Structures are given as C-alpha cells and as structure tokens.
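*Asks:* Read off the chains here:
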Amino acid sequence: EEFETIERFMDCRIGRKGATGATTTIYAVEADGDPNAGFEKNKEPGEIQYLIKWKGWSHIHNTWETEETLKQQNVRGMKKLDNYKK
Amino acid sequence: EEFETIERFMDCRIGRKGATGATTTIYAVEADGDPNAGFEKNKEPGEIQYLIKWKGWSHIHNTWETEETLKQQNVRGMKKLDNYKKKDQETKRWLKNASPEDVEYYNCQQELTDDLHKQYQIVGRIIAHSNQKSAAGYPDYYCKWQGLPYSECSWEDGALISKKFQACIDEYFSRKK
Amino acid sequence: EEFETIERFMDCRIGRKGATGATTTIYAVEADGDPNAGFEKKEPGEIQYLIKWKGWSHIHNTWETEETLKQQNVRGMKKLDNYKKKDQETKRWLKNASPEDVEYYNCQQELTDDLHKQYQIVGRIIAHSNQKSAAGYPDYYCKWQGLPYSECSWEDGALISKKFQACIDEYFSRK
Amino acid sequence: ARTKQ
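Chains as they are written, first to last, in PDB author numbering: chain C, 11 to 96; chain A, 11 to 187; chain B, 11 to 51, 53 to 186; chain D, 1 to 5.
Just so you know, not all the hints are guaranteed correct.
[Unchecked claim] Restricting the straight-line Cα-Cα distance to at most 25 Å, the calculated cross-link-like pairs of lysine to any residue (SDA-like) are:
hint: 1; chain 1: C; residue 1: 53; chain 2: B; residue 2: 87
hint: 2; chain 1: A; residue 1: 90; chain 2: B; residue 2: 178
hint: 3; chain 1: A; residue 1: 174; chain 2: C; residue 2: 81
hint: 4; chain 1: A; residue 1: 95; chain 2: B; residue 2: 96
hint: 5; chain 1: B; residue 1: 95; chain 2: C; residue 2: 65
hint: 6; chain 1: A; residue 1: 186; chain 2: C; residue 2: 47
hint: 7; chain 1: B; residue 1: 95; chain 2: A; residue 2: 12
hint: 8; chain 1: C; residue 1: 53; chain 2: A; residue 2: 118
hint: 9; chain 1: B; residue 1: 128; chain 2: A; residue 2: 46
hint: 10; chain 1: A; residue 1: 89; chain 2: B; residue 2: 160
hint: 11; chain 1: C; residue 1: 90; chain 2: C; residue 2: 54
hint: 12; chain 1: B; residue 1: 63; chain 2: A; residue 2: 91
hint: 13; chain 1: B; residue 1: 128; chain 2: A; residue 2: 106
hint: 14; chain 1: B; residue 1: 97; chain 2: A; residue 2: 95
hint: 15; chain 1: A; residue 1: 106; chain 2: B; residue 2: 178
hint: 16; chain 1: C; residue 1: 96; chain 2: C; residue 2: 42
hint: 17; chain 1: A; residue 1: 65; chain 2: A; residue 2: 186
hint: 18; chain 1: B; residue 1: 65; chain 2: B; residue 2: 83
hint: 19; chain 1: D; residue 1: 4; chain 2: A; residue 2: 28
hint: 20; chain 1: A; residue 1: 90; chain 2: B; residue 2: 87
hint: 21; chain 1: B; residue 1: 96; chain 2: A; residue 2: 91
hint: 22; chain 1: A; residue 1: 96; chain 2: B; residue 2: 97
[What the hints assert, rightly or not] Label pairs and their in silico Cβ distance ranges:
hint: 23; chain 1: B; residue 1: 40; chain 2: C; residue 2: 69; range: 39 to 49 Å
hint: 24; chain 1: A; residue 1: 143; chain 2: C; residue 2: 12; range: 46 to 56 Å
hint: 25; chain 1: C; residue 1: 66; chain 2: A; residue 2: 187; range: 20 to 30 Å
hint: 26; chain 1: B; residue 1: 105; chain 2: C; residue 2: 94; range: 56 to 66 Å
hint: 27; chain 1: A; residue 1: 174; chain 2: C; residue 2: 20; range: 19 to 29 Å
hint: 28; chain 1: D; residue 1: 2; chain 2: B; residue 2: 90; range: 11 to 21 Å
[Said to hold, decoys possible] Listing some non-contacts, in silico: residues in chain B with all C-beta distances to chain C over 12 Å:
hint: 29; residue: 42
hint: 30; residue: 79
hint: 31; residue: 87
hint: 32; residue: 88
hint: 33; residue: 103
hint: 34; residue: 109
hint: 35; residue: 138
hint: 36; residue: 169
In short, the hints are calculated from the structure, not lab data.
Cβ coordinates follow ideal geometry from the N, Cα and C atoms, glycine included.
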C-alpha cells in the first residue's frame with residue numbers, strides 16, 4: 011500500500027496537457043474515449059509524455075505520464091527517466 | 011495554418027452561379043438541399059466550377075469553387091488550377107478525333123474513378139472516439155474511410171458523422187466501446 | 011535541374027541501408043535487381060519511405076530516408092512530420108487493436124496496396140509524340156490503371172515498351 | 001473537430 015514503480019519507458023509523445031494518468035489506460039480510452047483525441051502541437055498547449063509500463067501490472071495498465079506526474083506520485087525508478095531522456 | 015490549401019482537383023462542372031462553398035459539401039447538401047438542385051444547364055446558365063479536396067480536411071469536406079472564389083479566399087496552391095486547366099485542355103485535344111471505342115473506354119474509366127472518389131466520403135469504420143464531448147453530448151470520431159488506407163483516417167465532428175453514419179457509430183460501441 | 015518535391019507518402023519500411031533512390035523504381039528493380047533484395051534484420056536496418064513525386068507518375072516512386080530527402084533539398088518536408096506521427100499513432104493503436112479490428116485493418120491494407128500498384132500499370136496509350144528518342148522511341152501519353160484521365164502523363168518511349176508493348180501495339184489502330 | 005460551418 012505504498013509507491014508504484016516504473017518498470018520501463020515504452021513510448022514518448024507531445025500530447026494534450028492533462029492527457030496522462032488513469033484515463034490513459036487502454037480500457038479507459040476504449041470506454042470513455044481518448045483524452046488526447048485529435049491533439050495537434052502548437053495548435054494548443056501540449057506536453058512531453060512517456061508511455062509507462064508498471065512493475066506488477068500487465069501492459070494494459072500502461073499509462074502516459076509527465077516528469078511532473080511521476081514526481082508527485084512518488085514512483086520508484088526515476089533513474090529510468092534520466093536514462094530515457096537521452 | 012492561416013489559409014486553406016488546394017490539395018487536389020477531384021472534378022469539374024458547369025453549375026448554377028453561386029452554388030459553391032460550404033453549402034456544397036455532401037453533408038450540407040444532405041441536410042439543407044443542393045444549391046445546384048434542378049440545374050438543367052439547359053436554361054440557366056452556369057459557370058465553370060471545380061470540386062476541391064482540401065489540405066488537412068477529409069474528402070467529406072470537399073467543396074465546389076470557381077477560380078474567383080479560390081482567389082477571393084486567398085487559398086494556397088493556385089498553381090494547381092493552372093496545371094489542371096492545361097492538362098484538361100491537353101486531354102480534350104487528344105480525344106478530339108478518337109474512335110467510339112476510345113470514347114467508350116474513357117467514359118467507363120471516368121465512372122469507375124468517379125464512383126471510387128465518392129466512397130472516400132463514406133465512413134467504413136469508426137476506430138475510436140474522444141474523451142471530450144460537445145455541449146450537445148457528441149464525442150468526435152476517428153474514421154476509417156472507404157477506399158483509403160489507414161494513414162487517411164481523421165477525427166470528425168460527432169454530430170456530423172451521426173447524421174449519416176449512426177450505424178458505424180452503433181457498431182463501434184457494440185464491438186464493446 | 012533545381013529541386014524535386016514530395017507529394018505523397020505511399021508507404022514506409024525497414025530496409026537495407028543505401029537501398030534508396032533511383033535504383034528503387036519498379037523499372038530500375040526490373041532492369042538491374044532490387045537493392046533491398048533479401049534484407050535480413053544479420054544487417055543494419057533503416058526506416059525508409061515510399062515517395063510519390065510532384066510532376067512524376069507513380070511509376071517513378073522511390074524509397075527514401077529522412078536523410079536522402081534533406082540531402083537533396085526536397086520540398087514538402089513538412090509532410091514527413093505528419094506522416095510520422097500519423098504512423099506511430101496507428102502503430103500504438105495496433106498494439107491493442109482487438110483481433111477482429113486487426114483482421115479488418117489487414118484486409119483493408121491489402122486492397123489499398125494492390126490499388127496503389129495499379130497506378131504503375133499502363134491501362135491504355137492515348138497518344139505519342141513525333142520526336143523520336145535519340146534513335147528508336149517516341150514518347151507516350153499514358154492513361155494509368157486505377158487513376159482518372161487527369162493523371163495521364165507523358166512517359167519516355169522504350170521505358171514503356173520495355174513492359175507495356177502490348178498496349179503500344181494495341182494503340183496502333185488508326186488501322 | 002472542424003467542419004465547413
């Protein structure tokens with residue numbers, strides 16, 4: 011009942027700001043629609059987001075996050091972040 | 011951004027004067043009637059109009075325009091109007107004295123392609139929808155177009171798509187949302 | 011001279027490094043072998060794009076890399092960025108696409124790809140020029156299969172006869 | 001999404 015941990019960085023993208031977290035799971039997107047639907051950079055506020063595969067969770071639970079979201083959730087594996095950034 | 015761009019010339023016709031622009035999209039026509047309705051070129055008379063596939067808009071958004079409306083809206087890609095006209099003239103001259111068969115083949119092929127193009131405006135499959143919803147409760151839809159590869163899929167206004175493709179929308183959710 | 015410009019992105023693939031350019035046109039392949047022949051995966056790959064050029068018929072499409080494009084000053088590079096995120100968008104979706112959606116996606120891409128190959132096929136010769144190749148051939152106005160007459164184009168004689176001689180002989184029927 | 005209003 012503590013912190014979540016990053017097992018791997020799967021993808022990267024510039025997406026609608028706020029289009030991260032739980033509403034980003036494949037099942038959330040399929041049920042409630044994609045929160046990043048039709049985004050276009052420089053046509054609206056965008057962000058750099060990373061597709062995260064979580065430790066202990068199959069890929070269907072993967073979510074898009076920002077360095078900021080990872081930080082305020084206190085996830086372990088932030089080193090993964092540093093490496094990926096290059 | 012900031013001006014529309016001519017991507018391709020899909021057709022040509024002589025229609026009623028002023029029957030151009032937004033009101034000529036297939037959905038405008040389906041919802042409010044064709045501003046070129048009952049145009050018997052035979053006593054009217056019309057003007058040369060061109061059906062335009064716009065850059066960044068799906069074929070469902072194609073509109074009829076004249077050299078004049080194009081210029082008036084400062085669209086980009088005007089050079090394409092010149093090439094189209096020249097190619098058109100070349101085609102006419104080369105089909106001047108052509109066997110009935112040559113005319114036969116030509117009219118056939120033109121219908122095959124004309125039909126093909128019409129399918130570009132028909133949603134073959136909804137692939138996804140948006141999280142956000144219009145004030146009227148419509149989410150936008152990611153459409154797969156008949157006759158075009160997946161690289162041509164595009165997000166479309168929910169209200170618009172529902173007016174003609176409610177089935178595709180229904181099937182989309184049925185295969186489990 | 012001066013510059014070529016990108017019209018459409020017909021496809022992309024991972025292919026042998028250096029397997030781009032003029033030597034990758036169907037008639038180049040047909041006449042001198044395919045530079046990407048037997049590409050293995053035992054060898055360094057490279058993302059390549061199948062380009063349709065403005066002012067040239069599909070018969071002239073070639074594979075290119077983001078690099079060969081910029082090393083030629085090609086116009087329309089902006090389109091490359093759209094095609095890219097577009098492609099990744101469909102690759103991400105593909106990772107979780109239901110089995111029946113994948114099937115649909117596959118059948119549709121089959122059709123699509125076949126249609127595209129037709130564009131490189133002469134469906135009928137509409138006319139020819141008087142000037143003749145530095146000995147040998149006259150040029151031909153070709154009506155391409157799958158494409159409307161507005162896309163007819165003049166093509167080098169010989170280059171056409173090397174494959175569509177039948178269509179050329181047929182054309183000759185003033186009598 | 002945009003339409004030809």
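*Asks:* Each hint needs a verdict: does it hold in this structure or not?
*Replies:* Now the hints, each set against the structure:
no. : hint                     : result
1   : C:53 x B:87              : holds, 20 Å
2   : A:90 x B:178             : violated, 30 Å
3   : A:174 x C:81             : violated, 46 Å
4   : A:95 x B:96              : violated, 35 Å
5   : B:95 x C:65              : violated, 30 Å
6   : A:186 x C:47             : holds, 19 Å
7   : B:95 x A:12              : holds, 23 Å
8   : C:53 x A:118             : violated, 44 Å
9   : B:128 x A:46             : violated, 37 Å
10  : A:89 x B:160             : holds, 19 Å
11  : C:90 x C:54              : violated, 29 Å
12  : B:63 x A:91              : holds, 20 Å
13  : B:128 x A:106            : violated, 30 Å
14  : B:97 x A:95              : violated, 33 Å
15  : A:106 x B:178            : holds, 20 Å
16  : C:96 x C:42              : violated, 34 Å
17  : A:65 x A:186             : violated, 33 Å
18  : B:65 x B:83              : holds, 15 Å
19  : D:4 x A:28               : holds, 16 Å
20  : A:90 x B:87              : holds, 15 Å
21  : B:96 x A:91              : violated, 30 Å
22  : A:96 x B:97              : violated, 34 Å
23  : B:40 x C:69: 39 to 49 Å  : holds, 43 Å
24  : A:143 x C:12: 46 to 56 Å : violated, 36 Å
25  : C:66 x A:187: 20 to 30 Å : holds, 27 Å
26  : B:105 x C:94: 56 to 66 Å : violated, 22 Å
27  : A:174 x C:20: 19 to 29 Å : violated, 38 Å
28  : D:2 x B:90: 11 to 21 Å   : holds, 20 Å
29  : 42                       : holds, 39 Å
30  : 79                       : holds, 25 Å
31  : 87                       : holds, 19 Å
32  : 88                       : holds, 16 Å
33  : 103                      : violated, 7 Å
34  : 109                      : violated, 9 Å
35  : 138                      : holds, 45 Å
36  : 169                      : holds, 47 Å
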